[PDB]
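> Take a look at the letters that make up each chain.
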Amino acid sequence: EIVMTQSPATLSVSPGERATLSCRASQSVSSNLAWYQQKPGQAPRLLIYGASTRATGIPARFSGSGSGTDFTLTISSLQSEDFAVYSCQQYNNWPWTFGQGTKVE
Amino acid sequence: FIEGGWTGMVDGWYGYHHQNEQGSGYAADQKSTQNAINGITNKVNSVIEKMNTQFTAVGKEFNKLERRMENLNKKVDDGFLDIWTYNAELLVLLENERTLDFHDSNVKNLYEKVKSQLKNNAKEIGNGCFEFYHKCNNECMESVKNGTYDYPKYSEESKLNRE
Amino acid sequence: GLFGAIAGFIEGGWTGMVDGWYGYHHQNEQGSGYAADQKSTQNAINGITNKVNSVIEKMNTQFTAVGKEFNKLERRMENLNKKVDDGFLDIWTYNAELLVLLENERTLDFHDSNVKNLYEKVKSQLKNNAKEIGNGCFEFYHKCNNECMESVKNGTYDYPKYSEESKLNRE
Amino acid sequence: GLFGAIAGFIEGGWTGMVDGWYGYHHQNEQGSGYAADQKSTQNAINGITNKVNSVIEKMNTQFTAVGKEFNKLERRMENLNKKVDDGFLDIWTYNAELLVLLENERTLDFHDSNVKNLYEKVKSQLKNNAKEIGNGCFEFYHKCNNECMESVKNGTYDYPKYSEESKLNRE
Amino acid sequence: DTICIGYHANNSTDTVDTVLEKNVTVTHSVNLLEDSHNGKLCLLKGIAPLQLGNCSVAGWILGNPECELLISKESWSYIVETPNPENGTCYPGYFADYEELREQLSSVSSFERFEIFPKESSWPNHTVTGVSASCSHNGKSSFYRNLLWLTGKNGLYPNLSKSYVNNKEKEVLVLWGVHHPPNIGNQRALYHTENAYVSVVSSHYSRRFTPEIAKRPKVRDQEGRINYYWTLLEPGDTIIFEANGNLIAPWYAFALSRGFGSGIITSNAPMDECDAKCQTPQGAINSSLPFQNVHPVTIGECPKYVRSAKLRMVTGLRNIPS
Amino acid sequence: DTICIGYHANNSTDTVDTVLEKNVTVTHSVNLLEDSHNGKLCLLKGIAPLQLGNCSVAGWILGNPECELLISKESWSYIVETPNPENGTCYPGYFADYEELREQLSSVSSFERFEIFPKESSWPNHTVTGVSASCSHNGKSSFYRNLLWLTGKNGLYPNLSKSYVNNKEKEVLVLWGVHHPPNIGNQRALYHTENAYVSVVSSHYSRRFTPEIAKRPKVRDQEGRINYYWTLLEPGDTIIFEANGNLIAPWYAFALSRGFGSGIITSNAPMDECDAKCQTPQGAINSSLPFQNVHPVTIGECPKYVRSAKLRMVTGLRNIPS
Amino acid sequence: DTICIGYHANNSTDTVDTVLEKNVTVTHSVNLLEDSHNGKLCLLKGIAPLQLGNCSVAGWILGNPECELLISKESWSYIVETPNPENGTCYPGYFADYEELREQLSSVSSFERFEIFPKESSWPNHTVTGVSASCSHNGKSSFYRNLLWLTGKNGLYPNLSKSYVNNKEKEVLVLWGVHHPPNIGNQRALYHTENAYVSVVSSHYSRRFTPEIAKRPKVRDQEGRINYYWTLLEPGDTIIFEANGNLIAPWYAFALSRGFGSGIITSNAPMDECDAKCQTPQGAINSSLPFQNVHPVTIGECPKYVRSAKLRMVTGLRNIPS
Amino acid sequence: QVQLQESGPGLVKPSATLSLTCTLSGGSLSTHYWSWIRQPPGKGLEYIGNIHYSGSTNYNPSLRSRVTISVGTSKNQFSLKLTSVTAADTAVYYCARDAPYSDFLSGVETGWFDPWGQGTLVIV
Ligand SMILES: *[C@@H]1O[C@H](CO)[C@@H](O[C@@H]2O[C@H](CO)[C@@H](O[C@@H]3O[C@H](CO)[C@@H](O)[C@H](O)[C@@H]3O)[C@H](O)[C@H]2NC(C)=O)[C@H](O)[C@H]1NC(C)=O
Ligand SMILES: *[C@@H]1O[C@H](CO)[C@@H](O[C@@H]2O[C@H](CO)[C@@H](O)[C@H](O)[C@H]2NC(C)=O)[C@H](O)[C@H]1NC(C)=O
Ligand SMILES: *[C@@H]1O[C@H](CO)[C@@H](O[C@@H]2O[C@H](CO)[C@@H](O)[C@H](O)[C@H]2NC(C)=O)[C@H](O)[C@H]1NC(C)=O
Ligand SMILES: *[C@@H]1O[C@H](CO)[C@@H](O)[C@H](O)[C@H]1NC(C)=O
Ligand SMILES: *[C@@H]1O[C@H](CO)[C@@H](O)[C@H](O)[C@H]1NC(C)=O
Ligand SMILES: *[C@@H]1O[C@H](CO)[C@@H](O)[C@H](O)[C@H]1NC(C)=O
Ligand SMILES: *[C@@H]1O[C@H](CO)[C@@H](O)[C@H](O)[C@H]1NC(C)=O
Ligand SMILES: *[C@@H]1O[C@H](CO)[C@@H](O)[C@H](O)[C@H]1NC(C)=O
Ligand SMILES: *[C@@H]1O[C@H](CO)[C@@H](O)[C@H](O)[C@H]1NC(C)=O
Ligand SMILES: *[C@@H]1O[C@H](CO)[C@@H](O)[C@H](O)[C@H]1NC(C)=O
Ligand SMILES: *[C@@H]1O[C@H](CO)[C@@H](O)[C@H](O)[C@H]1NC(C)=O
Ligand SMILES: *[C@@H]1O[C@H](CO)[C@@H](O)[C@H](O)[C@H]1NC(C)=O
Ligand SMILES: *[C@@H]1O[C@H](CO)[C@@H](O)[C@H](O)[C@H]1NC(C)=O
Ligand SMILES: *[C@@H]1O[C@H](CO)[C@@H](O)[C@H](O)[C@H]1NC(C)=O
Ligand SMILES: *[C@@H]1O[C@H](CO)[C@@H](O)[C@H](O)[C@H]1NC(C)=O
Ligand SMILES: *[C@@H]1O[C@H](CO)[C@@H](O)[C@H](O)[C@H]1NC(C)=O
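Going down the list, the sequences are from chains L, D, I, B, C, G, A and H.
For the first sequence, the deposited numbering gives the first residue as 1, with consecutive numbering after it.
For the second sequence, the deposited numbering gives the first residue as 9, with consecutive numbering after it.
For the third sequence, the deposited numbering gives the first residue as 1, with consecutive numbering after it.
For the fourth sequence, the deposited numbering gives the first residue as 1, with consecutive numbering after it.
Mind the numbering: the fifth sequence is residues 11 to 54, 54A, 55 to 83, 83A, 84 to 95, 95A, 96 to 125, 125A to 125C, 126 to 264, 264A, 265 to 325 in the deposited numbering, read in order.
Mind the numbering: the sixth sequence is residues 11 to 54, 54A, 55 to 83, 83A, 84 to 95, 95A, 96 to 125, 125A to 125C, 126 to 264, 264A, 265 to 325 in the deposited numbering, read in order.
Mind the numbering: the seventh sequence is residues 11 to 54, 54A, 55 to 83, 83A, 84 to 95, 95A, 96 to 125, 125A to 125C, 126 to 264, 264A, 265 to 325 in the deposited numbering, read in order.
Mind the numbering: the eighth sequence is residues 1 to 82, 82A to 82C, 83 to 100, 100A to 100J, 101 to 111 in the deposited numbering, read in order.
Hints may be right or wrong, so weigh each one.
[Claimed, not checked] No more than 25 angstroms apart at the CA atoms, straight line, and that leaves these computed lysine to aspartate or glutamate pairs for DMTMM-like:
1. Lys131/I / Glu139/D
2. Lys131/I / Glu132/D
3. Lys121/B / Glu164/B
4. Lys127/D / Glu147/D
[What the hints assert, rightly or not] To give an idea of the chain D side of the interface with chain I (calculated C-beta under 7 angstroms), a few residues:
5. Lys58
6. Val84
7. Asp90
No lab work stands behind these hints: they were computed from the structure.
Where a beta carbon is used, it is the ideal one built from N, C-alpha and C, also for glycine.
From just these sequences and the hints, can you work out the full model?
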């Protein structure tokens, strides 16, 4: 696996303001990265695939970009339901893997 | 020589009408009828047998940048079709005329055969009819038909009746 | 021709006969001259007219046929294009000339037959009332005036009517 | 042929006649033998020769012609070239055989008329001074010496000259 | 007492044409021209044609998913095609040398379809399961049943190199295609290579394809295209396939027993067997006459087509009774 | 008293051939072979030919500057070209499928010339004015009236992308070209790339061009070449043009309406106020005879061509008076 | 005393067919159909044929090492190839437009073979000694007599740039080829580049080639291939060759003289000291008849070919004696 | 739109094989690759592997010796089996469908998952 981690392990944002997360890979993944939401008792939901493109049904509030090893994940604003656990997936190698995830609260 | 055809004759193509005191009726000349048939049969069969064929499919496909070749393929087909059409129609017309003239000759020859057998024992009447100077029975009607008429036998009677 | 009438038993045609193709000349006490046989002539005309028209009318219109341009690496196709045009030209020229020759020969036999049959028509009408002489003529054994000559030409000659006179004139 | 002279009114030909196609045979007190009619034979030869040569002469010379090589992705062109060659071959085979058959039949009719017409020419010269008998023969009613036989063949027979003798012999 | 010399006459209005006269009645006649077909697609010598139904030649030969019923039609006398087939080349593209293939297939009497490069074992390093919405089968995505679309696996697109030796003792027709994506993004997502090539050689055959990226007008919902290519192997030859992307693999191939006398007919007539030695698109001809005026494009032991209404000969006498 | 049977004779010299005799004088005859023409180019059924004069078909359709008088010539019955055209591809190059195009253009009974990619608005970031002395007109360097030579602007050559939908309901002939420089210095000076390409697609048309660099013999003083390409766009389809250099863009295109009976002939015969059923390169034919020996290449409703000198048939009697 | 009219009869068995009768014995007849030949290849109007022996046309025109004996054969009446040529291309590859070249060489009655790019002065920095076992002769490796294999010298392959002006006043056939090595190791060893190109132009001819490196089946034990290309240079023009590797250079060229009546046939008939005006592949015809049933392919002034068995025409009388 | 639900034992002992089945509600396997993803509490997601209904599988090499993924014959069910449970497997297991490549193309991989179940927690 390409080990990937997220530096902002947790975020604490009281207002429904902008929040950002990041992922850093030990090896280049080109643009082959996906960004997901997870909540306890809920099904995980895909936000973005291909580093920058939103999945159908995903709000414009979610955006991001990056390449190689360095990816930026942006939430334009946090709604109360967006205080989710977030994670990145790397699909430019085999096996595919995920980062440890971050908690937004 | 005859005015027109006989609808009462059904046993051949060409023939005689024999009329005398012992009876009357039509009879075909099988020799001239069969010869006419054989000639014609060979003629019709020759026209059919001489068609030269080979058997393959003939249609061809071309793409949109092959018009010059497609047009040549069409030119070849139109040319061959026009040649065969022109030739087939003229051949049939020529074959029909020879057949009809062939038949005209065949009836005229029977007339002359009779003329040669009867000589002075009968007179010529137009419309194909020989009238006898002497009385003639069924046996001499057959002898004339068969080319075995004993002309001199009746010459005395004819001389007496040739007024 | 195969019947032998044209420039044969008839020495040659009549430059003085201008109203038809086949016909008669007569001489009697009331005068002489030529008259055409209109039925024989018109039948000959109609027959031939259909013959000439059959040769022409059975021919289809030639539709546009032009050459084609080929590039310098397409000679195999250019050569076929030429082969097709030459093969068709060869066949059509051959048959066009052959058809004319075959029909001209038959046309002349047709005409030779028609005049010969006109001669025979008269022979059948006259029988012993006239002698056959050359140049397609018959010499009468009885006086035959204009009414007689018309009757003979029309195929209505009353043969027995003149038989006593001809029997005496015949010796 | 359709005129009925060859092996018809003439029982069959003469293997003893070697100087022509058409001719005469005679017998009288001064001799006998066969002789050809040269005017008839030579006209027949030239007529036929012109016809045979016309058939050969009107055929165009075949010039160098070859098939063509094609690769395996050019089958449509190969087949178009074959189609053209087969169409032309079958047309020419058809016309060649058809013309020969039509002409062979006409040639035999040509010859059959010529001998029959020769027969009639003599019949017209002899009239009542001879009678018709089988095998295409004219039996004289008067003595006919070698000079007479030539006169008849030449078309110079003076019919009335022999009429007193024939009238008696005719009974 | 008398003898009349004449000839027969009868009740008949058949007429013939002559050169000198146009309307001559006859007592007997024959007709050299055939003007009627039976309306059915009969079997020449009892051997049925390949009936394509609604598919094209490029439909049948490629295994178009919906013309499946004909894949078992091994023995051919000729080909029957609908005037406007709809089923074939389900993934749009150009079919190379299509007219030439049509001619070569038309003459084949027997088709032995076989796997040349079997799906399960030939490509362990590639995805062999790609399917499209365009090649729909019973409502489900699918693909040509003689081809495999080979895309990457586990982020890789290993080089393709394999060959087949023609041990069939028949000419072998190998079909394959080349994918031309609408976008470089698909070129990478599917094949992981920006500069792909496809190369096919045999002892004498040699062709390199260079997939192009271009958005083309959308056809059957595809923006890209798959072109189709083919070649034949003579017995003993070898076909070698090499690619680093965009190869639509030659899963199946046909061993062809070549014949002759056959061809392709475009017709919407039904099939119904008779021994139609001659057949036209309109039905069977069953006669011995030298000419026909039924149709210019025929197959089988046919009368020659002529542009004429009648070819009647007289055999009898002129029919004039008195 | 005498009655005589005879036949007509006259002063006729008409002589016919027969199979048995080579020279027979007859009283009446018919000529079956036409050997005359009037020496002129005539209208066919009221419709004039296209007069290209000194312009070859390529010179005409590409808009050679010297073929300006052929712009308004919207329709014709046939095309007349001088035997040795002088004004063609003024900018030297290969014209693809030229012979085939001539075969398809003659079939056009008429067409509309229209501007497909307007000069003033289609490419605001490109120079649309490249010219050459080789296509000069009255001493001024110029270029084809139907094509635009696209070179860079202000040092840039942005990728070109345009398309057209065939809304004319006619097949549309679209012409374009690809420039091939003699060297690198010229390739970069004009297109600012050493890796130019041109790509043209339609639903089924699909071709990519690769400009090549090579030294060539001078033709019309040029060392480089412009190759010319064309295609016919079907009604309702879309043609798409993409390039990053070396494209000579279609400017004008033609909406074609096809018909039958036309063809192309080469002739130096004059045109006049006349009409004929059949036109030969040597002049028009006004005759009803079945054969002609005037010329093998003809347009219209013609007598058939034969090599015969005479085809004279006899209708009358052998002309022997006495 | 009797005078009889008859006709001639003899012992003739000449039999003809007619339309009404199947077998008519006649006194005189003419045969219009020729059915024989002498089994030999003859001179035509005094000029001997070109015999290629065991060489194919490609073998001969390329200078195959075994076609040495054919170098002096400057002129001929026709070209004769054996049914199964053995010596063709000796270094396997594709011969472009081969059938088209055969079609145009068939028109050549004579040629001059001249050195076009002299071996000793045109390439001072290239190795001009490459040979191959596949083109061996008499135990030694060799190469085509009309071509030169240019490989590098001392690690370098300087750019090739040469031209020739056709001052022969004949069309000049220039042959050349392109090498396609089996792999990169060979491409580098021979040309010191992995990116070779070959370009050949004339005022109107233009083609660029790229070597396609690939494993290929062995042919004549060679894994790689050399393809052959050609063009006819018009008098007054210039042919230019540019390359940086993989070129098999023209060495010799043919100045051709075209004519008519010549052609190419395939025949294993022996040649002898005979002369005829008509020749078939099975032997010469010496006949003046209008038809022949010997062969569909002929050279010279021949009877027309028909499928007829007999075409006997009657000139005499029915041969019926009594 | 297709929705997934995991079901199976919530407890597996180390000597046992863990077997979990996913049922597809409102859909079927439909030419897509289907995956299993794992999440031990306190950790991010781990990819296990996928399966195409045709019998095509892809596994994370690190689990290859212990994991198999298969499909049922109902074609709306598939399952995960992990042999030799090590108790490092005390994780939530999730059912997910690999994302479609395109509206008009499937049977190929995208590398990520679009529908997910809530997952089931298994204790060892
Ligand atoms: C096998 O043949 C059948 C025909 O028998 C093909 O079905 C037809 O496919 C075309 C594709 O363009 C359909 O046209 C489209 O239909 C939709 C319907 O909503 C419309 O919105 C579009 O504008 C367009 O008209 C056509 O309807 C359909 N016909 C039927 C009866 O379903 C099939 O695609 C062929 N399959 C293969 C694998 O070749
Ligand atoms: C159009 O045709 C004319 C024909 O005269 C061309 O003019 C000649 O061009 C040659 C080029 O080598 C010169 O040598 C002649 O001296 C020119 N003749 C005249 C009268 O000027 C003209 O170049 C052609 N133009 C185009 C654009 O194709
Ligand atoms: C010229 O033709 C002869 C025909 O025999 C060729 O000789 C054969 O070459 C192959 C090469 O693989 C050998 O396997 C055969 O054993 C040879 N045959 C014989 C009888 O020895 C010869 O190679 C050809 N030469 C050229 C230059 O083309
Ligand atoms: C008249 O027609 C009938 C039709 O059945 C036929 O039987 C009869 O023989 C015909 N008449 C003649 C004379 O042939
Ligand atoms: C010939 O007969 C046909 C029979 O259908 C008829 O239509 C045509 O008009 C007739 N022609 C003449 C000239 O009587
Ligand atoms: C062709 O397609 C139509 C419409 O889908 C269908 O009704 C017909 O049965 C099909 N015919 C064949 C031969 O497949
Ligand atoms: C893929 O190819 C490599 C060699 O390039 C080979 O080692 C590997 O085992 C192959 N993988 C499969 C699944 O066959
Ligand atoms: C595929 O070919 C390229 C060269 O084109 C080479 O660099 C690469 O290593 C090859 N890959 C495999 C799996 O062999
Ligand atoms: C016959 O003479 C007339 C004048 O009497 C003349 O008009 C005509 O041309 C001539 N016909 C010929 C020479 O055939
Ligand atoms: C026929 O007459 C023409 C008149 O010009 C003459 O040239 C030709 O040679 C003659 N032919 C024969 C065979 O007499
Ligand atoms: C066309 O050719 C003629 C010669 O046929 C020549 O005189 C004329 O100048 C040329 N150019 C134009 C535009 O007419
Ligand atoms: C011209 O440049 C502008 C720069 O903003 C760009 O938006 C436009 O699309 C370009 N148009 C072209 C290449 O036609
Ligand atoms: C006829 O017999 C002669 C010898 O008397 C002979 O030379 C000739 O060949 C024979 N002809 C035929 C055709 O029998
Ligand atoms: C005619 O004669 C030939 C031999 O010359 C013979 O083979 C054939 O059977 C005969 N009969 C017919 C009808 O052809
Ligand atoms: C052709 O091959 C034979 C041996 O099969 C040999 O004797 C002959 O000399 C060869 N001919 C040529 C021109 O090489
Ligand atoms: C060969 O090398 C010399 C080195 O000075 C150079 O001048 C000459 O032009 C070269 N010729 C070639 C490559 O033909």
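> Now tell me if each hint is right for this structure.
Each hint tested on the structure:
1. Restraint check for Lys131/I and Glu139/D: the C-alpha separation of about 24 angstroms stays at or below 25 angstroms, so the hint holds.
2. Only pairs whose Cα atoms come within 25 angstroms are accepted, and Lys131/I paired with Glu132/D is accepted, the gap being roughly 18 angstroms.
3. Taking the CA atoms of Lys121/B and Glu164/B, the gap is about 23 angstroms. The hint holds against a cut of 25 angstroms.
4. Restraint check: the Cα-Cα separation between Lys127/D and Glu147/D comes to about 18 angstroms, which is no more than 25 angstroms; the hinted pair holds.
5. With 7 angstroms as the threshold, the beta carbon of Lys58/D stays out of range of chain I, its nearest partner Cβ sitting at about 16 angstroms, so the hint is violated.
6. Of the supplied interface hints, the one on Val84/D holds, with its beta-carbon coming within about 6 angstroms of a beta-carbon of chain I, less than 7 angstroms.
7. Checking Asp90/D against chain I by beta carbon gives a least distance of about 6 angstroms; that is within 7 angstroms, so the hint holds.
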